[PDB]
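Below you will find one chain, with nothing else, as C-alpha cells; this is the form deposited in one PDB entry, and questions on how it binds or moves follow later.
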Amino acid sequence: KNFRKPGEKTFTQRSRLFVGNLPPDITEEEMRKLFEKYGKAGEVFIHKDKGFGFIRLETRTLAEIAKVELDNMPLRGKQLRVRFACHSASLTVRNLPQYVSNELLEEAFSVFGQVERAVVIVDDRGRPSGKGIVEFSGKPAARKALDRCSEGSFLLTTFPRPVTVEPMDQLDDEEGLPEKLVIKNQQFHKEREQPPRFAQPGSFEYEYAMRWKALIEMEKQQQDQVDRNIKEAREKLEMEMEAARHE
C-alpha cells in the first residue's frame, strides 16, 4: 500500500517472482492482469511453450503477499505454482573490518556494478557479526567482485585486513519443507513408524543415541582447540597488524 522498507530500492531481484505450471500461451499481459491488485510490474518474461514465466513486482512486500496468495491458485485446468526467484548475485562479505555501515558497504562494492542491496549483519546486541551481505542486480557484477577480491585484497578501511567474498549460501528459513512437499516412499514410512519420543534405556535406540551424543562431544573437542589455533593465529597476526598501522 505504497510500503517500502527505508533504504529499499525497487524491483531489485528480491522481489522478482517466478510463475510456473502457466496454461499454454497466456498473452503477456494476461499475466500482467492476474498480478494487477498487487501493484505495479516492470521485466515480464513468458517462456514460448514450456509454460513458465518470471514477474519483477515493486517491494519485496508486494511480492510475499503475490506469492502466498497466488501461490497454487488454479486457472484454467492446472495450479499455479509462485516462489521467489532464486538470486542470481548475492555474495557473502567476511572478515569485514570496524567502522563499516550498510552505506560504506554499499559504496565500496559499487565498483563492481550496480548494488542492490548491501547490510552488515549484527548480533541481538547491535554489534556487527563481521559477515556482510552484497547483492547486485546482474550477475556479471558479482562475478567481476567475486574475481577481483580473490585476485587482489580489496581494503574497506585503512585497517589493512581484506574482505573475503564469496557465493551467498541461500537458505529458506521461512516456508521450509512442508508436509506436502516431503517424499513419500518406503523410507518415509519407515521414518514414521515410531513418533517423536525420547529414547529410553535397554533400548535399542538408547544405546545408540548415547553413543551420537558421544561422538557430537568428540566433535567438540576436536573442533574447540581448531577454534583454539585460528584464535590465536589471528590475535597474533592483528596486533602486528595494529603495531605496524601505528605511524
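Numbering follows the first chain given and starts at 1. For clarity, a rigid core is taken as the largest C-alpha set superposing within 1.5 Å between two forms. Compared with the form deposited in another entry:
Summarising the superposition on the core between these two forms, the listed residues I121, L75, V111, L155 contain exactly one with a Cα shift of 2 Å or larger, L75. Core-superposed comparison between these two forms: CA of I65 displaced by 2 Å or more. Put the two forms on the same core and the Cα of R197 is off by less than 2 Å between these two forms.
With the core held fixed between these two forms, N229 has its Cα displaced by under 2 Å.
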The other form holds:
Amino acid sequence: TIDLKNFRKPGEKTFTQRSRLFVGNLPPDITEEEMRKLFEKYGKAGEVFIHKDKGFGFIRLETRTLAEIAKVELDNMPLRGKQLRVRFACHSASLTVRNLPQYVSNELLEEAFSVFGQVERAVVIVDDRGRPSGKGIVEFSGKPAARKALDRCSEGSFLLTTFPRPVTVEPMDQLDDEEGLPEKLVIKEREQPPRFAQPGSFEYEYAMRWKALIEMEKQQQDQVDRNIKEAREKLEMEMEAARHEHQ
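Go ahead and give the structure of the form deposited in another entry, now that the form deposited in one PDB entry is out.
For this one, just the chain is written down, with no partner chains and no other molecules.
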C-alpha cells in the first residue's frame, strides 16, 4: 500500500515505546542501514538495535500510526527466504492502576503520575457503554520512573481527586491476545480430538466435578464481594458522618 504524511495525533508524544517495533526472524546478512531502508516508507526512525548473530532487533518509528501501518505491511513478509515477524515490543515501564475513583480521565491519570517521571501514556479502561472499570494503565518513559511510582504508592496513599480513597499501583501483567499460542512442544493429551463427553461416562462424571469447583469459586468470589461491600458502606457512612462534623 501507499499513503503519506507523518500522521501525528493532536498533542501526541513521538518516539515512545508504543511506536517501538520488534522485528524477528531477520536474515543473518542484514545491517543497520538495510533495516532503516526497509522502514524508509514509514517516516523517520529513531533508535535501531540489531542482533546480527541471532536475527532480531528493534526499531522505533515516529508515531503509533506509522508503527501500526508498518506492522500490517511487513508482518509475515518474505525477506531473503525468511518470513519477517513484526510485532509491537512489550512496554518495559508499564504500570497497572486499580481502585480508580468514580470521576477519572486519561489526562487526570497522566497529570497525577507525572510527579514520578515522564509519562508516555495513561489510559482509563472503559467497558462497552463507556463506563470506567476502575482499572487504569500508566506507561512511563523509563524503568526508574515506574519503580518510583510503584514504591511511593505501595507505602503511601496516593489520592487522585477529593475522595479519600488511594489507588492501587501494580506492575503491568502484559497479556497477549494477538499472537496467542500458535504451537508448543511435547511435555499424549491430544490422542483424542475435541469432543462432547457422553453423559454417564467417566469423562462426563469427572468433568462435572471440575465444573463443581469452578462454580464453587464463583460463590466464594461472590461471597467476598458481599463482605467487602458491607464494610465499604460502613466506611462510607462513617465518612459522610464526619463530613457533617465541623467545629
